[PDB]
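As you look at this complex, bear in mind that one protein chain is not there, while each of the others sits in place.
As written, the chain order gives the labels A, B and C, with residue 1 at the start of each chain.
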Amino acid sequence: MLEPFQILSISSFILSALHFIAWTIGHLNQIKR
Amino acid sequence: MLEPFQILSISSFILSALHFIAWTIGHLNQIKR
Amino acid sequence: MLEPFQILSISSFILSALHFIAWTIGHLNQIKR
Partner (left out) sequence: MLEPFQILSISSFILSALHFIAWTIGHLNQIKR
């Protein structure tokens, strides 16, 4: 744990914020053009 | 009921549902427009 | 199906698969033309 686990929880957190913004842009972009 | 980690489980709950409804809307629209 | 903890891992798990499939079909539709 910690080396192979804590690195998963945090890694995923970085992606969560990444997809969160990539979603508002690609989603909002659809209804905008 | 931790704090730095409990915010990950809850944060994921808000995103999990947002994606569930967002997927049903953008996916359904994909098979129509 | 335990408290908001195990019931969350399962809920999300069911979504992980749903998104995986919808991705192979919705993505393939893109490379259809």
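We adopt the following convention: a residue touches a chain if its C-beta (ideal position, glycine included) is under 8 Å from a C-beta of that chain, and two chains touch if they have at least 3 such contacts.
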Chains in view touching the one left out: A, C
Touching residue (missing chain; options A:2, A:8 or A:31): A:8
Those residues of subunit C which, in the complete complex, touch the missing chain: 9, 12-13, 16, 19-20, 23, 27, 30
Subunit A residues touching the omitted chain (full complex): 5, 8, 11-12, 15, 18-19, 22, 26, 29
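By definition in this document, only the chains that are shown with their structure count from here on.
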For subunit A paired with subunit B, centre-to-centre distance based on mean C-alpha positions, whole Å: 11
Rounded Å distance between subunit A and subunit C, as computed from the means of their C-alpha atoms: 15
